[PDB]
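Okay, so here's just one chain, in structure tokens, the form solved without the ligand.
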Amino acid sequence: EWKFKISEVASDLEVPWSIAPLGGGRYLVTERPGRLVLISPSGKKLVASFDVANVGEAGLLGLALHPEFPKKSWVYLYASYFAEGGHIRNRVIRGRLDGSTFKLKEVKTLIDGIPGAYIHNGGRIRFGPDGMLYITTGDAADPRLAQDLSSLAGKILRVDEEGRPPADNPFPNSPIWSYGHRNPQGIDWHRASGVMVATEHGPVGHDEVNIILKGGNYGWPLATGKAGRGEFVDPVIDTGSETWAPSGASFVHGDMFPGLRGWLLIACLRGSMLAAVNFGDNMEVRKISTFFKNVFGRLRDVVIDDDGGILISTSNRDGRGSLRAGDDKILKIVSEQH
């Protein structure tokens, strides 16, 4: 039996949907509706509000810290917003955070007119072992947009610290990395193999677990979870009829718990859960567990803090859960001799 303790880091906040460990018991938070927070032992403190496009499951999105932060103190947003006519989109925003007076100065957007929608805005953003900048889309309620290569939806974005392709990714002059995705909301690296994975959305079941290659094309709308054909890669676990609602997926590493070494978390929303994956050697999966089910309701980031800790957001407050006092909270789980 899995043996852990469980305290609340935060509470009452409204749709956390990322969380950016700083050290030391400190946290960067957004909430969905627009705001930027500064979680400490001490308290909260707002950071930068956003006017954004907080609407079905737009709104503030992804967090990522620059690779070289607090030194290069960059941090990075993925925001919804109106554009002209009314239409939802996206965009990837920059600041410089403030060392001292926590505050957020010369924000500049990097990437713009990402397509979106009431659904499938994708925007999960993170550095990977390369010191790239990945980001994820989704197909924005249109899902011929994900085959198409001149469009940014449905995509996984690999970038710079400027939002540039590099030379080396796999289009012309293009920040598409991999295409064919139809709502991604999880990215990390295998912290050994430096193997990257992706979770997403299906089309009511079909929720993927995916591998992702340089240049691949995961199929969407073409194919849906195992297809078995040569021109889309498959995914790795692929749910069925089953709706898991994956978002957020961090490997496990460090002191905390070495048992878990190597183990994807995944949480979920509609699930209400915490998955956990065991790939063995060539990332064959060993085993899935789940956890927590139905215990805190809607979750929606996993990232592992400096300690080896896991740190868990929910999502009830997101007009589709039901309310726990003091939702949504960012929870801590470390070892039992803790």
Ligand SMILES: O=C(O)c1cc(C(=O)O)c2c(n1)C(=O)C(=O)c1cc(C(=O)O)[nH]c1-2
The other form holds:
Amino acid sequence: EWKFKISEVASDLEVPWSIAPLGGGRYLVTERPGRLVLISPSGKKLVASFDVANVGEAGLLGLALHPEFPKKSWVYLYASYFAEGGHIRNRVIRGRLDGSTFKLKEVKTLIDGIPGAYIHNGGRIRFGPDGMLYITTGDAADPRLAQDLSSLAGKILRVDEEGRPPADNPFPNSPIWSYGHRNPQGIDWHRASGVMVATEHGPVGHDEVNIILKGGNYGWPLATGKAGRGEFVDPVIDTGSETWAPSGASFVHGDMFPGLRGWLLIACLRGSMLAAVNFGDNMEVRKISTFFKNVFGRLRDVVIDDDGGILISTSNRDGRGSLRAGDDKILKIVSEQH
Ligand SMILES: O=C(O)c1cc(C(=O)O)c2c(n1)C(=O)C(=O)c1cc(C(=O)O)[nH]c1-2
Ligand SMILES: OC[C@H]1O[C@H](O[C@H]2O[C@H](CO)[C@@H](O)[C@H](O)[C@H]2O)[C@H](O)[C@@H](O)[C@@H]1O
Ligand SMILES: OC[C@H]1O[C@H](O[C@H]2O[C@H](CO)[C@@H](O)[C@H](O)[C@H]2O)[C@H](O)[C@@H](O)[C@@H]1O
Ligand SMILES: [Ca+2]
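Having seen the form solved without the ligand, I'd like the form deposited with the ligand bound now, please.
Below, the chain from earlier opens the complete complex, with every other chain and molecule after it.
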């Protein structure tokens, strides 16, 4: 049996989309309606507000700190907005966070006009081992765009700290890294092998975990789940007729849980659970375990804290689920002797 203690790190957030650990029990969090909050042991502080398209699954979403933070004080956000004609689109922005009087300054757009909708806006952003910013996007309710290399929809993007496609991107002067995605909301890198992983929502069933290769085509909408065809990279997990609704995902690392080292943690929305996936040598699926089924309701993000503790966000305030007192929250999971 797995043994642990869970505390509430913060509460009554509105759809806390993304958590970025600062160390010393401080955290930056986005709330989907358009705000970036600092969480401290002390209390809750509003860093920045944003006028976002706060409708359906759109709003203020991913959050990433520059790999050199706080020395290079750059903070990246992924945000929905109403474009010309009232259509929902998505952008990636960046500001300098003042390490004192925590305030955000010189916010500029890096990437504009990503397609968007009430559904399928992607949204997860994270720096990988190569120092590049990766960005997930959904098919914006328009599945064919996922196969279209002239479109930013249904992709995983990879750009530098400035939003530029690196010369070694797979496609000519293009931010695209991989394609054929429906609605990916989770990415991480295995801390030893550097293998990249991503989650995805499937059409009802067929939620996925994928190993992300440079220039890979993940099949949507020509294929869903394990299709067994040469032209599409298949998922390593395919939930079949079951629905997880996975978003955020992180590989476990650090001192806290040595026996979970290199397992993949996945927050599930409708699944209302934390999935844990054990990868063998050469990234074969050894085991999948399932935690907290229906105790907290909908879960959205999962990240490892500076000490190796597991941070989770709840998402019952999107009202696709029912509320617990003081939802939504950030929960921290530590080992028993802590
Ligand atoms: O089949 C389902 O029941 C189901 C549930 C959910 C959910 O729990 O919100 C999503 C999806 N599907 C889905 O396809 C999807 O792209 C999605 C995005 C989100 C989100 O909250 O950002 N939820 C869901
Ligand atoms: O994204 C690729 C292309 O998609 C559209 O074309 C497809 O859909 C049409 C129906 O709306 C058909 O007429 C067409 O034959 C399909 O290939 C779009 O019209 C194209 O411009 C895109 O390149
Ligand atoms: O045979 C159907 C599968 O084809 C591809 O997988 C093969 O090709 C890859 C590189 O060409 C190999 O790495 C892989 O191990 C082979 O199985 C495709 O990527 C799979 O999704 C298909 O199911
Ligand atoms: Ca797929």
